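Q: As a plain string of letters, each chain reads:
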Amino acid sequence: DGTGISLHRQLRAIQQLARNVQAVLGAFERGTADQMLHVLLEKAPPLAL
Amino acid sequence: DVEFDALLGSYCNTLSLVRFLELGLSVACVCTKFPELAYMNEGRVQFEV
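Residue numbers (the authors' numbering), protein chains in the order written: chain F, 149 to 197; chain A, 51 to 99.
Hints listed in this document are in silico derivations from the structure and should not be mistaken for laboratory results. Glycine included, every Cβ here is placed at the ideal spot set by N, Cα and C. Don't take each hint at face value.
[What the hints assert, rightly or not] Looking from chain F toward chain A, a few residues come up when the C-beta cut is under 10 Å (computed):
hint, residue
1, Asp149
2, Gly150
3, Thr151
4, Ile153
5, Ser154
[What the hints assert, rightly or not] Far from chain A, some chain F residues (derived; all Cβ distances over 12 Å):
hint, residue
6, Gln158
7, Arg160
8, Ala161
9, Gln163
10, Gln164
11, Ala166
12, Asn168
13, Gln170
14, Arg178
15, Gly179
16, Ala192
17, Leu195
18, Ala196
19, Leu197
[Unchecked claim] So these bits of chain F aren't anywhere near chain A, every CB distance computed over 12 Å:
hint, residue
20, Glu177
21, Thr180
22, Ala181
23, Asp182
24, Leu189
Kindly produce the complete structure, drawing on both the sequences and the hints.
A: Have a look at this one:
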């Protein structure tokens, strides 16, 4: 509507996509380092073997 | 389409039209467009005599 609050109800839901999308696109950078430690440990023969 | 409706379908025709404050009940009626009336929980008026 033309009311300022209905314009401001949007902004929380605007910022929530600022906060989800920066998280889940951050999550792949947080996930590559999770994947590399597995695929190092997938081919990591334990020492004293 | 609404650019024509603001010209044609917004005014400049009656064919059977009433305005409220045209009508003479309005001396009974305070009338005030409070647009955020959907958002209110309660609406209070205090009287003190």
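Q: Look at each hint and say if it fits the structure.
A: Hints and how they fare:
no.	hint	result
1	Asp149	holds, 7 Å
2	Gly150	holds, 7 Å
3	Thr151	holds, 5 Å
4	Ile153	holds, 7 Å
5	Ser154	holds, 8 Å
6	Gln158	holds, 14 Å
7	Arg160	holds, 15 Å
8	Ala161	holds, 16 Å
9	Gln163	holds, 20 Å
10	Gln164	holds, 20 Å
11	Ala166	holds, 25 Å
12	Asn168	holds, 26 Å
13	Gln170	holds, 30 Å
14	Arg178	holds, 39 Å
15	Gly179	holds, 42 Å
16	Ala192	holds, 60 Å
17	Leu195	holds, 67 Å
18	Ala196	holds, 70 Å
19	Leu197	holds, 69 Å
20	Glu177	holds, 41 Å
21	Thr180	holds, 46 Å
22	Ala181	holds, 46 Å
23	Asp182	holds, 45 Å
24	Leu189	holds, 56 Å
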